[PDB]
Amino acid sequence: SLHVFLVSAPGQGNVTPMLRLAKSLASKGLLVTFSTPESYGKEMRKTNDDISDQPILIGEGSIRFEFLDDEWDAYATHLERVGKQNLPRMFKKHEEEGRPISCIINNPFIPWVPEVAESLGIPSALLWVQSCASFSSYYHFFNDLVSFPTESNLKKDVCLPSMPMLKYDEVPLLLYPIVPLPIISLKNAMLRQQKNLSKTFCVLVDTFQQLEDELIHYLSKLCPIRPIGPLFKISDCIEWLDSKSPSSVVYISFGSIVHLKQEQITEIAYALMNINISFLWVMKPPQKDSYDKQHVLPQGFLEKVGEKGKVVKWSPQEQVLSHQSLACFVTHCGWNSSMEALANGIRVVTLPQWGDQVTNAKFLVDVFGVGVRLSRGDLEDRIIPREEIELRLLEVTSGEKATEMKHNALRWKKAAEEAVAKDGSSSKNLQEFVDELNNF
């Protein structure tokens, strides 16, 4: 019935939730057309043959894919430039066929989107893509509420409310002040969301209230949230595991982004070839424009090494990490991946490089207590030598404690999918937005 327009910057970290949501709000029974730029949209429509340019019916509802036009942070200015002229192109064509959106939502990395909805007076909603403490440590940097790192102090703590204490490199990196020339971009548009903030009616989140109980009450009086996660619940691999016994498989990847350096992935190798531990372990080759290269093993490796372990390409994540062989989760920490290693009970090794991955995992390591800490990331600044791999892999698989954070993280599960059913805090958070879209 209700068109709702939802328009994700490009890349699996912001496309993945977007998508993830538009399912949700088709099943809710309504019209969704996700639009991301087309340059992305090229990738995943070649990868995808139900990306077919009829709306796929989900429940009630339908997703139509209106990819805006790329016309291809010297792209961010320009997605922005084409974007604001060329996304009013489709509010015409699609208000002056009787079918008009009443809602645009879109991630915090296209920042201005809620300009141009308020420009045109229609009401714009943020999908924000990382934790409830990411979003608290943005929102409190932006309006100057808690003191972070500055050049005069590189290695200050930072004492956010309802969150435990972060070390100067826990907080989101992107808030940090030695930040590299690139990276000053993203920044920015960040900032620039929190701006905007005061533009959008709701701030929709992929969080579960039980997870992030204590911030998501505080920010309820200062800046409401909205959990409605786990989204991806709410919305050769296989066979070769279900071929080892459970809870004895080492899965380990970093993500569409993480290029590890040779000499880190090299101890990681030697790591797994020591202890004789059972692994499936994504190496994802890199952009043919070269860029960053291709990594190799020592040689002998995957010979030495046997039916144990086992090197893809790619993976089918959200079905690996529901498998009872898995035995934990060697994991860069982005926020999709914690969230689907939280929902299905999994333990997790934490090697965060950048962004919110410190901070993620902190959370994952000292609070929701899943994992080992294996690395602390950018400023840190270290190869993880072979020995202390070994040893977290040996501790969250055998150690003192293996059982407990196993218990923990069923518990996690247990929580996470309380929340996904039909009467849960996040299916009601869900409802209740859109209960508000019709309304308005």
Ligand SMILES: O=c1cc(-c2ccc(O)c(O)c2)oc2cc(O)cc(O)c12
The other form holds:
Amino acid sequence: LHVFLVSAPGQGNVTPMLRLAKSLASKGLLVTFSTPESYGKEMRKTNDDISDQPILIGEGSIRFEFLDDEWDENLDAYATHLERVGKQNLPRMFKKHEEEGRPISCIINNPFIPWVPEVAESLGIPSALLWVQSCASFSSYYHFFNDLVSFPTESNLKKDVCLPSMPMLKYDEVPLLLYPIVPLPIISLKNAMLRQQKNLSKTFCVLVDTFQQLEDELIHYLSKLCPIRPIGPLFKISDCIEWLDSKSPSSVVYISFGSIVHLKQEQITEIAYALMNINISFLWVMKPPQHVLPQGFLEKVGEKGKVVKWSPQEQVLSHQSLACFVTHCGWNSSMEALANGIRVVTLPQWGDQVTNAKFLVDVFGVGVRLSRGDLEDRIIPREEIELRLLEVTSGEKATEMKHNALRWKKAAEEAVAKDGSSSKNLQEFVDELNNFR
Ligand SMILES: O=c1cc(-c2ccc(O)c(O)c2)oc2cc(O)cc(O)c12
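Right, and the form deposited with the ligand bound of this protein, after the form solved without the ligand?
In what comes next, the whole complex appears, and the chain from above leads the way.
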């Protein structure tokens, strides 16, 4: 088999599609991953395993055949141009593979190049979709595009939303890209999402980065409208740690916010005071673009605290020292917290991070809510942060959320085990690819 994995620019898009690539390669498939060269060569220069040629995994390999971007530096501006070059170029690359005994059986794309199922359609090549957010978020988008349930509008900005097989969200707990008020540099992601929901008809399979028991009933309901397959999580399918060793177990407050979120300086300074004040141990990831910490922060907290510029998150998350996780609640981060058994402290910023935060707190039951997101735009005072740090590590539910945590970590490892739901959804989808052939 030979499947073509096409992904939009961005760390958050490429990583999961790569992980879907290392997985299909593990199953005797040859995968060719591609992404715009402008950001592609940036992966080249910044990654150790570049591409001299295929890179075997199990009995399959992963080739690299980047799309010529035709874009040297000169968001909506680039999206339209990229769509232009992609349709220009992608048949030319598929046509090359046609004459070298490599007819492509399937294409895989993510929502932020939603036009890809159109080239798949014209060229006769079946189209599938890698969805990188939860299944509650997919349902948010699908119901909204087809307008099957009512959302906030300009005339009612605080309307609740009642999605089937979901807890009733609130106006600011629906994925922020469906809100009718959106920054004009971001409207282009709203349009990409919505365009992908228009192209769903042409698509025979949606591969979702979640597993069957995390969103059990939801996946059953939407599976009648939609061809949804849970195959996750993908990260588990396929000096920092020396320091945490010295600490006692379940003791270190962990603090990341992914590699895009940039908090506000006032929010930084309320957290540093919070940590100082309750005097907890911590590992706070402070990625550079320059945030300042209070005068004598480092000396005051001592060896109880530690600030770093980057962290092996998956590793760190698998540590017993960790007491909790202050997170921006991206999908992969919510799932890495779930699968590893760690309680969370939710600081949603934008997008679907406000839905996942509603889920971590009130559904999966694995922690405490610190903020409600950009639409709240309320600098959270250190007093409250200190309260949630107490609530999640010492307080009356602290062990019940620990319990709930260690049970979603059980179910995650069963989903990915040999004859588990997530793994047999993979092999089946691979089994479907042959039956076309
Ligand atoms: O809605 C999205 C919003 C943003 C974003 C939001 C606020 C910012 O101040 C910023 O610099 C980026 O970044 C994204 C980045 C993504 O990969 C996907 C998204 O939906 C978004």
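Positions refer to the first chain, counted from 1. We call the rigid core the largest set of C-alpha positions that still match within 1.5 Å between the two forms.
Which of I51, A402, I384, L391 is displaced between these two forms by 2 angstroms or more at its C-alpha, rigid core aligned: Just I51.
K42: Cα shift of 2 Å or greater between these two forms (core-aligned): After core superposition, the C-alpha of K42 moves 2 Å or more between these two forms.
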